[PDB]
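In structure tokens, the next block holds one chain alone, the form solved without the partner chain.
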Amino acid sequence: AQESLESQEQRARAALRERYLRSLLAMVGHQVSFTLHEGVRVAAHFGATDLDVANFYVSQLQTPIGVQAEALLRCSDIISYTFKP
């Protein structure tokens, strides 16, 4: 029998999401390089995001005047992020 597409979609949503959370959890404590809007790059250690993925919580944020202990980066300012496991 054909399963409702709503059910199929929601199950695929759960699998995609679980994989995404796993990818973020593997990034905890690594240095990541953020590509920002306005052509800028910044580096920081990753701590967490919120579940809406609206903010990244980071530590050891590099700046021209020196390393900052903690910061919050808005995901709306970010284009991409990369790190090396």
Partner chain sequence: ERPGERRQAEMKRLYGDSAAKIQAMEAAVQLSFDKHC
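Numbering follows the first chain given and starts at 1. Only the largest set of C-alpha atoms that superpose within 1.5 Å between the two forms is called the rigid core. Compared with the form solved in complex with the partner chain:
After superposition on the rigid core, displacement of the C-alpha of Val67 between these two forms amounts to 2 Å or more.
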Given for the second form:
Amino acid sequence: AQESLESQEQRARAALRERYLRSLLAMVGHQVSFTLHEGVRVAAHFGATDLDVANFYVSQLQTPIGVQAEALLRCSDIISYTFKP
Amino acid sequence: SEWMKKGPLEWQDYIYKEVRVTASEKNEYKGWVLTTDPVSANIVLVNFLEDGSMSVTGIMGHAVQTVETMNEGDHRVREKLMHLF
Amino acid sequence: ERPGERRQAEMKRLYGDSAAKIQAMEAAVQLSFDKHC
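With the form solved without the partner chain done, generate the form solved in complex with the partner chain in the same format.
The next block holds the full complex; its first chain is the one shown before.
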């Protein structure tokens, strides 16, 4: 008896989520750069993200004004982020 | 919208394709789809850089405007993303 | 009161048979974070 379409969707969600979660784990011990609003580019040392909403906890956040020892960059504040594994 | 209402099998079909993504504030990205977070719809791209290294960029799902497929990508892409982390 | 049952049902809706695999992954990523978040 065939796998339902719904079961296939659920496997695809799980595959997509697993790959995403691995990409977050890969950020541990790396710098991460962010593209924010008003074209602002910042970078920091990665600490964590929330797993429901893509908020970022970072340290030594470098902005055009200065360095913030610890920061929470809220998901609504971010357009994109980039890192090098 | 449009990206955020795709289902998981539709998101999954983008994996390993080269896409152009337009996002908030006229940010633009070209890269190879690694995954889409099914919770946030965040798109994760991989770029093969000129110096031979790789970067990884996450675009917040809420900032995505359009995603256009540029190329289908061969077995070497699959192997590269396989050894990314 | 079992405050996590609604979440478990949603994880089952979303991930089906893979729900516990995904929960274990999210747990492990948390640990890796919470170690030095």
